[PDB]
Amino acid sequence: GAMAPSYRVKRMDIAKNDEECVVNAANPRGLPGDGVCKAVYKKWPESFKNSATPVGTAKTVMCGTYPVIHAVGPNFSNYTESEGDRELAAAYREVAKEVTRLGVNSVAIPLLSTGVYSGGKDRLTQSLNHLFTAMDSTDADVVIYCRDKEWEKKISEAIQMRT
């Protein structure tokens, strides 16, 4: 566990993270994909061996000794708002289980279902609140990665609000 478990946010490529493991925003088929998933494929391609897993689940595959947690959020183009919300909450709950099992002191995590799985809606708050619900009972340092300058400010504000 971290000595004083924290949340932080950085605006940069999650493939350059300084944490003990990474959460991939994976597809269910273990394909290279696009966005975070393609960055993760280029950095840790060995972690895509038997990484396919259903929506709402996470599956960990080691790249050397570095754990890649493949978390499959719902594509809101295909899911109803109700069932997509349930699957998005469930994926983050499975991430917290994996982070705990691995015994890591820190994890790098993207906001699941906020990019090409968002069904064209802003889901910052929805996705971040499900991240907090899952991760608040864990003692890992959590570092959230994002790419947009306005999203960085809003995630930082949400973290600081609770402190």
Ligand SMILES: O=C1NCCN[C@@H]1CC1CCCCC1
Contents of the next structure:
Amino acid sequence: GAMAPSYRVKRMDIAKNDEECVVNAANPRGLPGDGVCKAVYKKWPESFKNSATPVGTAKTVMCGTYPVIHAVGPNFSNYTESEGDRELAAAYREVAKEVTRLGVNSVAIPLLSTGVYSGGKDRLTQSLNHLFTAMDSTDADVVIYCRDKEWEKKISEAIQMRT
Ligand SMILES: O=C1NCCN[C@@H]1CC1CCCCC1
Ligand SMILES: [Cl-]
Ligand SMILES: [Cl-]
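How about the form solved in complex with this ligand, since we already have the form solved without this ligand?
Below: every chain and molecule of the assembly, starting with the one above.
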């Protein structure tokens, strides 16, 4: 565990993370994909061997000894708000199980079901609150990665608000 488990946010490419493992915002088919998933495929392509997994699940594949946790959030273009909300919560619960099982002291994580799976809606608060619900009972240092300047400020505010 971390000596004083924390949450932090950085605005940069998650492929450059300084953590003991990474969460990929994966598609269900283990394809290279776009955005975070494409950055992850360029950096850790070996981790896409048998990485396909259903929506609302996470599947870890090692790139050497570096664990890549493929977490499949719902595409809100296809899911109802209700059913998508349930699957997004579930994906983060499976991430917390994997982080625990791996025994890492730190994890780099993106906000799932944002970007091209958002169905054109701002889901910062929805996705971040499901991340906290899952990760708050773990003792890993969590480092959230984002690309937008305004999102960085809002995520940082939400972290600082809880203290
Ligand atoms: O998921 C995102 N991350 C950074 C901001 N851009 C998208 C969400 C936007 C979709 C279109 C309408 C406005 C919100
Ligand atoms: Cl960068
Ligand atoms: Cl972002």
